[PDB]
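Next up: a single chain in structure tokens, the form solved without adenosine-5'-triphosphate.
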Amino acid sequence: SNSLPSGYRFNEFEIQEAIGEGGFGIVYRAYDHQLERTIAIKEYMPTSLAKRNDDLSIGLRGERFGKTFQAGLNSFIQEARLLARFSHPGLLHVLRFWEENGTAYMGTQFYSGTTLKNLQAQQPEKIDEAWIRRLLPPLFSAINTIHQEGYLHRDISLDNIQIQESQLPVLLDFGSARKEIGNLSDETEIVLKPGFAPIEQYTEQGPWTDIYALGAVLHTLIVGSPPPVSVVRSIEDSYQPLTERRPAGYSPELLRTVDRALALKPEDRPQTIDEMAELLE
């Protein structure tokens, strides 16, 4: 681990535990001693570009990485600014942003629970049609709120949806820094998510682009894995409609909603979140 220790201080903030560590940032449970509340702190930390110094600042692993490190940092800032436009229970709420230690930090609301990816791995028996139909109204609402302000998510999968202990979902992260680093570094594998990204993201984007990825999430919850990579589908589509598979315990109505969201071409999909929600009725 490259993470700050429990007890580390940012003035009034105190690090309590590193709770998420990926290749591009670390997430901490932390505590605000001024307001006496638990928060999360997200630290930009691209491990392929940077390492932890003795004084716990961040430094480049090689001088050739400086331009790409800075571009990822700028994208991290821009994502914080985007999230700061919203005050919605299903979107990660940003409290503070600051630069320190040669990197940048986002203070955010702290959310209970775990990611949808982990819930699906650990408690797949909890995921059934009734649970999915309770998940969708607040998840729809969060995604639609992004769309109504003129933005798109473009990085939806199970990995960045939080399921709180209340079961309500939160969108945590748009992958902006990761995707910018991957584009600049020709590390194409960290830009789009195979099976979740629709054909138009591979090089015409709009709400239907997020709707496809949401379909892919739902497909994963229902049968355990995402649909085939969309570029492969665009050559020879091996997608088997869920209405024909008929997984046990699932209504044709929910299955056909997923199939429609997964239509190969943008114009054949529901065009707005509201259109997709109507299919369930």
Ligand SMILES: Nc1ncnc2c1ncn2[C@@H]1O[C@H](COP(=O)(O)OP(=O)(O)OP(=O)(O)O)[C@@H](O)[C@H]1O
Contents of the next structure:
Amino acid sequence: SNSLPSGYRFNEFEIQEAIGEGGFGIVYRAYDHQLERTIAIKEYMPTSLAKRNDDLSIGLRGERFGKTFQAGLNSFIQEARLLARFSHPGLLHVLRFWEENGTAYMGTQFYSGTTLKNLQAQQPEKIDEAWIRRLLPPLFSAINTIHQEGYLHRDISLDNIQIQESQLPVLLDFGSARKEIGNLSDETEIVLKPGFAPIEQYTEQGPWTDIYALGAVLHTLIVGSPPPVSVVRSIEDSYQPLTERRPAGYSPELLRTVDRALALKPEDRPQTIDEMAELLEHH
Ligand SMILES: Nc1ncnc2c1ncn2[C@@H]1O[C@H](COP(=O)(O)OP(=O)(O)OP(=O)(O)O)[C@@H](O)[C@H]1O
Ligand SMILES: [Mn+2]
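Same protein, the form deposited with adenosine-5'-triphosphate bound this time rather than the form solved without adenosine-5'-triphosphate?
Full assembly next; the chain just shown is listed first.
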């Protein structure tokens, strides 16, 4: 809708197709004619704040949006810098960054496959316990790599995990610009992800914060929907443990691991990714 057309050029880069269009950015499949390789280009584009001009630059929808637009842009830059710290198969690899068209762009590695959200919607029968147990070692590795450098993800759900055709996962996006815009605009609904964010994110954060969201992802894969919103749980905890529900085809060991990651209070969860991984052993 707002996307650059196939054939658009950024010097050596050529746009091939808009493959993702959300409220806050566009993702393109593109081609580097100098290195003769396919890449992705992520374009900052907050549709509530900005529109596409005739010359294909980006312009404010209203002059009052300039401060929030710039703050989102700054957060987009900071996220690119964070991802540029890593060279890990499970984290989105950043090749280049530049500003143009009144906005900003990340050139990144192009990944095969699709999101975990799309895989769960389109092929849920592929997702069983054996598949989940193959997913977890590389997913654990990617998350732990963030933690070991002193950072947290804080936006994990099914929507921003890529599942490659190899089935290996990639963490694509931390939602930084979206969340900054939401906080400044009082659009609270775009900051935290209901059912994935644990209680301490609503206002003490650490690796256990991401571990809860990973538990919520796993819960969604096993029974089809995330657990109750954590603030609602903090009033009256209506979470039914998976070890009691006993969904068909799932071991108590995997179920219990998910339940422990979803402990309401941070101190009751696995405290590190390594601690959570240890729970899946002894079987
Ligand atoms: N580096 C990358 N390589 C390949 N694909 C990517 C990359 N980064 C993001 N994507 C894809 O971009 C899309 C971003 O999803 P978003 O919700 O913004 O767009 P969408 O138009 O709703 O896409 P979808 O087809 O997933 O519904 C996802 O389909 C994701 O797989
Ligand atoms: Mn979609």
